[PDB]
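> Next come the chains, spelled out residue by residue.
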Amino acid sequence: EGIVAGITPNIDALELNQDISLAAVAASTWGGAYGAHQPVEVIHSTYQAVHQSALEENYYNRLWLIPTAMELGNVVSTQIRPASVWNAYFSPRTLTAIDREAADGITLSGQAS
Amino acid sequence: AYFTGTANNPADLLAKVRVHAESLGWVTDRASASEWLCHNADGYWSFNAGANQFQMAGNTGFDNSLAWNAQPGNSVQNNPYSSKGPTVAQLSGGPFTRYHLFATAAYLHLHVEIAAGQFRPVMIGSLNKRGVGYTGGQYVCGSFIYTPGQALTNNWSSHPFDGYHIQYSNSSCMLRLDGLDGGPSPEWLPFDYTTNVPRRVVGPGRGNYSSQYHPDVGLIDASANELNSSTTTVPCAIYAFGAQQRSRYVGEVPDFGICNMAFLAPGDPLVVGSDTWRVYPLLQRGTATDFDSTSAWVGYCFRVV
Amino acid sequence: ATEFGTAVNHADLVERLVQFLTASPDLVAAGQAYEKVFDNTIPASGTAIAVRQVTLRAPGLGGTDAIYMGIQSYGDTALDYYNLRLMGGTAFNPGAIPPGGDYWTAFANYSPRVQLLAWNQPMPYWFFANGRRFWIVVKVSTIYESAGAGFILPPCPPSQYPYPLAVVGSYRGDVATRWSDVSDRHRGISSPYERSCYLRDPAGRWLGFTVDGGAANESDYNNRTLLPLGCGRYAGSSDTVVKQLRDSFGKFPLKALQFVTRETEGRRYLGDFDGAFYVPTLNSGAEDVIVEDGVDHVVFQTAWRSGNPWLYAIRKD
Amino acid sequence: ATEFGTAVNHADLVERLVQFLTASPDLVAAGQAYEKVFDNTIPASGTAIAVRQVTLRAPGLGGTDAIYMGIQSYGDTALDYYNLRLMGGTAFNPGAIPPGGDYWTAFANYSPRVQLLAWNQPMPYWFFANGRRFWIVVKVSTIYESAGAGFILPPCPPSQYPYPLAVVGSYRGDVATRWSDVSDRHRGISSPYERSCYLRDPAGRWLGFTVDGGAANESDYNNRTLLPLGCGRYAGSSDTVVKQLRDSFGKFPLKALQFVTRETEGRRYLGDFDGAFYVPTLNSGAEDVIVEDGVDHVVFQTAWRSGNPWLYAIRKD
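Chains as they are written, first to last, in the UniProt record's numbering: chain A, 14 to 126; chain B, 2 to 306; chain C, 2 to 318; chain D, 2 to 318.
FYI, nobody ran anything at the bench for these hints, they're computed from the structure.
Chain C regions said to be covered by chain B (calculated; three or more residues, Cβ under 8 Å): (1) 147-161; (2) 245-255; (3) 259-270.
C-beta: ideal position from N, C-alpha, C; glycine also.
Required output: the full structure, derived from the provided sequences and hints.
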């Protein structure tokens, strides 16, 4: 009937600030498509296979990294900048840790470990 | 993966790209200073280097005693065109400012800056099957210029994956779709739209030309967002026409996308997520409506790894 | 997340809709159920059916969003239409309703209403819902109707655009129409026409989208369309690839629906339909179940006709 | 005389039709079965389905009449229409087929063909037949299609007008069409349009009837129409009583369909449809059965729409 379309390399590697889009469904196969009823519609059902996808699954189901390069330039006073991460997973993505290298003097206030 | 260099003549580019392919494990059935017969696990191909241009042609079998354009199942004789001409990529003679090469096990992508503001792309590989069961998918594309000085992007011009062109001799790019409408397996479909041939293919090649035939032209136009200055890539969907003008979607170009360069300079990086992308102009930087002397603001997007 | 079956009448259909939204095992287990903030029957029915008004709140998948939606059941027995009107908004306040009149004006940044056409009779129905959007498809039994609303998926941070609310219906809700209408304006979600689909701009101004132009419609919405079915803007011929799309070797491609605007001030790409796609008609049609990566999608056709460019599929998960 | 079922494909549909005409218990017991005078497949199918040609003879209820009919199954896989063409005549002559060409021209007093639209996939069907006329109706998903031919019932003795042969179809048979057509010319029996219903005049002239005029159609046929649905000729308003017809306290009134010609030369009453009537759409629709005086009637709607003018019922006996 229908098993898999693919599109695993493209979307995962596509120009996405997210990734692993529609990946949990791959393992969660299930399937009961076979079977037709008669609400006096018409007896038509042909092939019923897999093909293509949205093709625009962009920006789905993981963190974000808005900042990529910070132009601090000349620092002479206490500066404050925003850092945000957006997780679209249906389950949280816990950060393992923040290994601070040469980052002494940089602190986050109002946030946990 | 990603390579850069300079070449005073095309032959230097030939040598460098062949060296990279061999180092990456690509199998070359026969090699020469100017003629190539190479292949991989996907398909067979042949290339020839002219004085100021490339000649590319698809292949299905090998025969060392046959010319570069006479291999078994060659495109020249297995195409609807009455001219029976192979793929052609027109270049210039003398210095090439710089060439950018993307190398993988399934496809090769090249972008050569022949001069300041002049770019000539060379595209070869196989389309992502995307779970679609079909034999073929190999595509070879080249860059053609109509006439220097006059409008460079005239209607008669042809471009990779072009969806609209006027020419009776040569084709910029082509595609393989075996066993179409019950025909013989060797079939090398060209990207043409005005020939009314029963079997043909079309692509977003030209980008956002006025008479471009592809439903995503609007997506390419709107790739850039004014509100947040964000740019999104658009996979290049390819369509193939059947014997009775019935289209069948075939696939997309792997690791490739198009966008608008209105708010991006050549080579400007926009790292969207864990994977980085490189954007370069097709032919030259111009204005929005300069569809005659330059390539407007159409930009080719490659995934760098 | 799916409720297939047959409703004895429009009132029972709405009752089943609310029961599914409030007690679906998936919704309750995941805590994604919607909250009914208002429910009243203000009008004194004369030669017409009782009118039911309900306003419901959806928290979204994360529980941090604020989605307000409304559903109305307006009908007239003497004309034998029992329309179901849909609208969306961002805030609700019963005290702001002016004397008499109607409550839908109380919605902050209120939007024009859309509706679905049905009547009092047994009717097969196809229901889809999720924490961010809901879809309604009513099979008129030799005609197919459809509508829905929710959040599109934009490519920009929700931190800056947290309310990408979209509402779509088969026909504009400003007038009363009989489901046996013979006007081209009666169509589906894939091809809005004449005030059939609205999306909320990040600036807070609702913009209408139409796949085809119309003199009656405002000039502003002409520049903004749905590109997949609006390929005629750039193509120089009436016949194009989209109208001639077909399955490949027994496999049906699925094409998403795009929200795009081309304005003189600037361009912007808004997002895609979540769970709706365009599919060909050949060798297939309504009530067809197409699988993909273990995911099934149902096929439906517009009320106008059942041809290639007026047919779409909806994901059932 | 009546058969309800599902045919796996168009070829099987025609197969079941011929077996119903042959071995139906009522037909065989009463000796009203038709005779097959021709059956051939002349063309060499290329990118198209096999073409079946059938010619049959009907003796009538009294056994003294001479009725000749033909059925063709023309289809094209690459376009995916499996049209079923119909036509009538008074005599057949197999040797009158030219080398190449076709055989329908061999019919004495040949008439333009009408047709039926379907395609190769299981299809529910409704077959009605009698010694003097037959009716075919197929439920094509959202679309109900129908056609038929036979003898009308004039008010004059059959001694002087023994050949009141009538042929009616949903669309003209001179062109090939896909059953997903979006033209107003594709409609039902009750309302013909653009060469959809032909009647043999007592002067052996096949006169077509159209409820509504058309520039493309010949000027002669404009003045001859079907009065019940052609009330606009005399009414001075677009909205008339017939459009607003409705049942009376649960009783659906059945109105006979009419043949009338009002030309400059003169006027005349031709006959009525045998077993077909006009009924409303309200609180009802297709696949509905109503019993009058112990006789049941089925309800069907035209392909164009299910509007009040666009609906008729067929007696089932």
